[PDB]
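K.L.:
One-letter residues, chain by chain:
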Amino acid sequence: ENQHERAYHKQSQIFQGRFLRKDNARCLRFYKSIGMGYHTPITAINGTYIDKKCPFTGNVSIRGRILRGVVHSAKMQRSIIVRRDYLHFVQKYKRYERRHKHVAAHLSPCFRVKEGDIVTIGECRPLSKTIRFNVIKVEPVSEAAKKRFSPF
Amino acid sequence: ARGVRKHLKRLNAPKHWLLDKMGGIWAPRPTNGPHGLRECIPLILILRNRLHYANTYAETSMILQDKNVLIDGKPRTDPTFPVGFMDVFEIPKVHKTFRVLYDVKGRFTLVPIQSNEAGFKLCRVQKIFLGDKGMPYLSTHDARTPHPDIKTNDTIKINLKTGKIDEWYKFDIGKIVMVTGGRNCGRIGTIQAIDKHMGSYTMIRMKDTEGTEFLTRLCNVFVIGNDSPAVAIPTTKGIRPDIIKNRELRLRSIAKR
Amino acid sequence: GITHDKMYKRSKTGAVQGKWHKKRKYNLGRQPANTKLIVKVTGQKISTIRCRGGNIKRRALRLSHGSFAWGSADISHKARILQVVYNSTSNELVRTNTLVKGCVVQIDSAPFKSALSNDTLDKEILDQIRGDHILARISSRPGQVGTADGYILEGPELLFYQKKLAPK
Amino acid sequence: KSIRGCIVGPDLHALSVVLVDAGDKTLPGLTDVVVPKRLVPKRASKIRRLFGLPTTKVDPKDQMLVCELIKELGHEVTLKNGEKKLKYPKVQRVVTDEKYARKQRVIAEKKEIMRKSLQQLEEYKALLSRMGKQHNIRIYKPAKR
RNA sequence: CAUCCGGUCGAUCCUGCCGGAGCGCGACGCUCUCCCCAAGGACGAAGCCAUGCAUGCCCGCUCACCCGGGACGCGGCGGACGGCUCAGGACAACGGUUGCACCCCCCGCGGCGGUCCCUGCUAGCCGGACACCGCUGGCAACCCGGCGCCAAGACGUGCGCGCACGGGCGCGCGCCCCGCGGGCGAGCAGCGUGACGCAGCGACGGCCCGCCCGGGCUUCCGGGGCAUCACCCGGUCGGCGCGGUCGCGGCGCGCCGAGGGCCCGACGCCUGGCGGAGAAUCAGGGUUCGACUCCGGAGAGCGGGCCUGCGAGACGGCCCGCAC
RNA sequence: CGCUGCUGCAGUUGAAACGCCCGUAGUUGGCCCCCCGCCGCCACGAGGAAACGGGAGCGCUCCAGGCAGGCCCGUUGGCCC
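Chains as they are written, first to last, in the authors' numbering: chain SM, 3 to 154; chain SE, 2 to 146, 150 to 261; chain SI, 2 to 43, 49 to 174; chain SG, 101 to 245.
Derived by calculation from the structure, the hints in this document are not laboratory data. Hints are not guaranteed to be accurate.
[Claimed, not checked] Simulated pairs of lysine-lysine, BS3-like, Cα-Cα distance not exceeding 30 Å:
#1 SE/155 with SE/94
#2 SM/148 with SM/77
#3 SE/168 with SG/210
#4 SI/51 with SM/12
#5 SE/128 with SE/179
#6 SM/116 with SI/13
#7 SI/26 with SI/107
#8 SM/54 with SI/37
#9 SI/26 with SI/13
#10 SM/55 with SI/169
#11 SM/54 with SI/170
#12 SE/10 with SI/23
Generate the whole structure from the sequences, applying the supplied hints.
P.N.:
Here is the structure:
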C-alpha cells in the first residue's frame with residue numbers, strides 16, 4: 003500500500019478476488035518450475051513480487067539458447083548488464099584476441115545480484131529494446147574476484 | 002520480399018533430382034501439398050526423365066491430362082504434384098506398381114512392388130495435434146491426418165483404402181529403421197540408442213546389420229516395420245556400398261557393356 | 002505511413018542507423034481508434055478493419071454497455087456502463103472518457119442489484135450494489151477486439167483504487 | 101479526373117434532359133414510337149409474373165417464351181439462307197428435378213458424413229475412458245507388491 | 001607445386017630499391033585459313049530517352065452471333081512470380097547457427113464437417129442492378145456523358161441441430177521443489193462453468209483444422225578504413241500503464257527513474273562500400289577481388305503517401321510534393 | 001618481394017631504441033596438488049543447396065566439352081569440399 007505508485011499491480015495468472023476468502027484452495031503466486039532442469043528458487047516461491055517479467059513467477063517462458071556470463075552493471079531496476087568474455091581466433095597470425103560482449107538481462111527480485119558475480123542467463127521473447135535474455139540462476143563470488151577475462 | 006516464389010532454378014534444384022546442369026535454365030517446382038519441396042521429387046521427371054516415357058515435359062502433362070497415373074491410390078494427376086517417400090505410384094497402362102524409395106546414395110528410386118505391397122502405405126507420425134474441437138488428430142510424412153496408444157516418430161501403416169490406422173510401428177530401440185534425411189539416406193538399421201539431452205535435436209545411434217553404427221538426426225528417422233522391413237526393400241538392403249565397391253560395380257557394368 | 006519498424010530507432014550506443022529500405026507494409030501501424038464512452042446512450051459504431059492475410063479486426067470507436075462479471079459470486083451479466091473513473095496513465099483520458107483495457111469505470115448496479123437480497127456476499131460489492139454505480143475495471147481490448155467486457159472490481163484492486171480516486 | 105459542376109451553366113456544349121411528367125401536344129419525335137423492347141426476361145421468377153403465371157407462384161411451368169423470329173441473321177455462316185433458328189434467351193433461374201435431387205443428394209451426403217462422425221466419437225470416447233479404468237486394473241498389482 | 005637475372009664502383013662486398021622475367025583481364029595497334037566453344041555499354045552517368053514489343057488465360061453468363069464455331073463486356077485466376085541493376089546500406093545488409101510457449105501464410109494436399117434467432121422465409125432454392133448492347137451525344141485530343149434495356153458459380157438477402165458458435169471475455173492445477181498424460185525440456189493445450197456477440201457460409205457447403213511452401217522477425221558468432229575522430233547518446237538506457245501491429249519489442253504514447261556505450265577503439269567521419277557461394281595469383285603461409293549466372297538483400301528520376309489483394313508501402317498500379 | 005616478415009624483416013655504423021624515470025589500461029607472467037568443476041584446447045560425430053575446385057565412370061572423330069552412355073550397379077552421374 004502506497005500513495006506514490008500510480009497503478010496497482012497483481013499477477014494476471016493469480017485472481018485478486020480469490021484472496022478475500024476460502025483459506026483452503028488458496029495459492030500465493032502462479033509460479034511454475036522452469037524446464038531444462040531449472041530449479042524454481044525458494045525465495046521465488048515465498049515471494050511477494052509482482053514481476054510480470056519473472057521467468058519463474060510471470061508470463062515470461064524460457065525458450066532458446068541459455069548462456070553463462072559475469073555481472074558487469076546492475077544500475078537499472080529489474081535489469082543487469084552481463085559481460086560475455088570470449089576469444090576470437092586469427093588464422094593469419096595463430097593467436098587469439100580477447101573480446102567482450104555486454105548483454106542485458108531482466109532480473110527478478112528473487113535474485114539478489116552484486117557486481118563481480120556470475121549469472122546463468124536464458125533466452126526470452128524480447129522484454130525491452132535491449133533485453134532478449136532473462137536470468138535463471140545467479141552465483142555469487144567472495145568480494146571482488148578481480149576479473150581475469152573468464153569465458154565462462 | 003513481395004510474395005511467394007513460384008520458380009525453382011536448375012542449380013537451385015536439390016541434387017537428388019539429378020537434373021542436368023545444362024539444357025535447362027530452371028527445373029520444375031513442386032506444389033504445396035503432401036510432401037515438402039526438398040523432401041519430394043516431381044511427378045513429371047519420374048515419367049518424362051526417370052522412365053523416359055514422355056519425350057517432352059509438356060507431353061507428360063498430356064499423359065495425366067486424361068487420367069492415366071495414380072499416387073497413394075488416388076488419381077493425384079497434377080504434373081508437378083510432389084511424389085515423395087513410401088508413395089504407392091502405379092501406372093495401370095504399363096500394369097506396374099512402384100514404391101518411391103531412397104537409394105543408398107540418397108536419390109529417390111521407383112522399385113516394383115506386389116499388389117499386396119500396393120495394399121498398404123507407410124508414413125511417419127508427426128506430433129499429435131489437439132485441434133478440430135478437441136478431437137485428437139496426428140499428421141503423417143504425407144500430411145494425411150486416431151488410436152490413443154501411439155506416439156510421434158512411429159510409422160502408421162495407413163491402408164489408403166480404409167484410410168484408417170492399421171499396424172502401428174512404435175518408436176523403440178531395435179526396430180528395423182530407415183533413414184530419410186542426412187548423408188546416409190537409404191541405409192537400413194536397427195536403432196541402437198537415443199540420447200534426448202532434454203533440449204532439442206535428440207541424438208540417434210543406429211547399429212546396421214553389418215555392425216557399422218551409423219547416425220543421423222531423430223527427426224529424419226523413419227520406422228520401416230516394428231519387426232522386419234514390412235515393405236519391398238530395393239536390392240541393397242541399405243548395406244552402404246563403399247566408393248571402391250561402387251567402382252567394382254561400375255567396372256563390371258562397363259565389362260558387360 | 003505509421004510504422005513500428007526498428008530502423009527509425011537509434012542503437013543502444015545512441016547511434017544513427019542507415020535507412021536501408023523505404024517503409025514496408027508488413028511493419029505498418031494504423032491510427033489508434035480511441036473507443037469513446039457514449040455516456041448517456043439516449049451510439050455503438052464498431053468499425054471492421056482489413057488486416058494482413060485478409061484477416062479482420064473490430065475497432066470500437068464509440069460504444070456504451072457490455073458484458074461484466076462479478077468474480078466473487080461468479081455471476082456474469084451485461085451492464086449499462088457509466089463514466090470512466092481513473093486511467094492509471096493519464097488524468098485527461100478519464101475526463102475525455104476514452105475506453106482502454108485497464109481503465110477503471112463505474113457501472114449501473116441495477117442488473118447486479120439482485121444480490122442485495124443475498125447476504126455476506128463480500129461487503130464492498132454489497133455497498134456498490136446498494137449504490138447506483140459499481141467500481142469495475144475493463145478486461146477487454148476495446149480497440150483491437152471491438153468489445154469492452156470487464157470484471158467488477160473485487161478485493162485489493164478495489165481497495166487501492168477506491169483510495170486513489172474517491173477521497174478528497 | 102476533371103469534372104464539370106452539377107449546377108448547369110450556359111458554358112456546357114451539351115446537356116441531357118428526361119421527361120418526368122409528360123405534357124399535352126405530344127412531340128413528333130420525342131413522344132410517339134415505343135422503341136421495341138428486346139432482351140426478354142430470362143429470370144424464372146420474372147417469367148412467372150411476366151407470362152400470366154404469378155398466381156402459379158412455385159410451379160413446374162417449365163417453358164413459356166416470346167422470341168425474335170427473323171431466322172437467326174447468322175445463317176450466312178450455315179450457308180443455308182432458308183432456315184428459322186429460334187432467337188431466345190436461355191431460361192434463367194430454372195428449377196429441375198435433378199436440382200431437387202442435387203439438394204437431396206448433398207443433404208443426404210452432409211447428413212451421412214455428419215452421422216458417421218457422431219457414432220465414431222462415442223466409439224473413441226469408450227476407448228479412452230475404458231483405457232483409463234483398464235490402466236487402474238494394472239495399478240492394482242503394485243499395491244499388492 | 002619451395003628457382004632468379006640486369007642496374008651505385010677503378011674494382012669489391014653489402015644494404016637498398018629500380019628494371020626485367022611468368023600469369024590473370026580489360027582497353028589499344030597491327031594483322032587473322034577454317035571448325036567448335038564463348039564474355040559482351042558494370043567499371044566517378046541508378047544520366048536521359050524517339051520507335052516497336054516485354055501478362056495474359058479462360059468462359060461463370062452468351063439473347064448478339066450462330067450451332068455450341070462462339071466474340072463483347074462483366075466474372076474467376078495470374079499480373080508480388082519473371083526479367084533488370086548494384087544506387088543506397090558499415091553492430092546494418094550478408095553467411096553459418098537459433099528461437100517463435102511472441103506470430104502471418106493463397107494455391108495445393110490430408111482431414112472435420114449440429115450455425116440461436118424474435119422471426120421472416122420463396123428455400124422445389126430468392127432479390128435488385130448493372131455493365132455489354134442499342135438510342136441520342138460531347139471533346140482538338142485524351143477521355144467519357146445521359147437515356148432505354150437485360151444476364152451471371154458476380155453481388156445483396158435467406159431458412160439452418162442449444163458440445164448452436166468466429167472473436168474477445170469473467171471463473172475454473174497446485175503446499176519447499178522434482179519425476180503420468182492430448183502433451184512438452186518447461187501452466188502449453190483443449191475444454192468445463194457463468195455471460196456477450198450474432199462473425200462466418202447460404203441460393204452448386206464452407207465454415208474450419210493440420211501438413212507444407214514461403215515470409216515477419218529473432219538468438220549466437222563472424223561481419224571496411226580513419227585517433228589530423230577520446231569521449232558519446234538523450235526514446236538515448238531501464239521499469240510501469242496503455243495503445244498499435246500478423247505479432248514481440250520505445251514500436252508510438254503518457255508516467256517513473258537514471259541509465260546505456262567506450263584505448264578489448266566507443267561515438268563521429270569517410271568509402272570510384274552490395275554481401276556471401278565464389279574468382280585471380282600461387283611450395284606453405286599469405287595477398288587480391290567480390291557489377292553479372294546461384295543465393296540473400298535493396299531499388300525501380302527523386303522524396304513521400306496509398307488502395308487492391310492471400311501476399312506489394314507495387315512504380316510495364318494509383319495519388320501528391322520536387323525536378324526534367 | 002622473407003622489399004610487410006604468424007611462418008619470416010630490420011634498428012652500433014645502410015632507414016630506425018622514445019633524453020631519462022614512475023606509471024594505468026594492455027600484454028606477459030617461477031615452480032607446485034595427478035584423478036572433479038567450469039574453461040580454453042584437441043579429436044570424433046550430427047545437421048545444414050547446387051554450380052564451383054577436386055575426382056570416379058565415359059572415345060564430343062581429337063579436344064576445350066558433357067553427364068553422358070550402353071545390348072547395362074535397381075546402367076551411371078559415386079565421393080570430398
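K.L.:
Compare the structure with each hint and give your call.
P.N.:
Hint by hint, here is what the structure shows:
1. SE/155 with SE/94: violated, 40 Å
2. SM/148 with SM/77: holds, 20 Å
3. SE/168 with SG/210: holds, 21 Å
4. SI/51 with SM/12: violated, 33 Å
5. SE/128 with SE/179: holds, 20 Å
6. SM/116 with SI/13: holds, 23 Å
7. SI/26 with SI/107: holds, 27 Å
8. SM/54 with SI/37: Roughly 29 Å separates the two Cα atoms, so the pair holds.
9. SI/26 with SI/13: holds, 26 Å
10. SM/55 with SI/169: The hint holds at about 27 Å.
11. SM/54 with SI/170: holds, 23 Å
12. SE/10 with SI/23: holds, 29 Å
Hints 1 and 4 from the list above are not met by this structure, while the remaining hints are.
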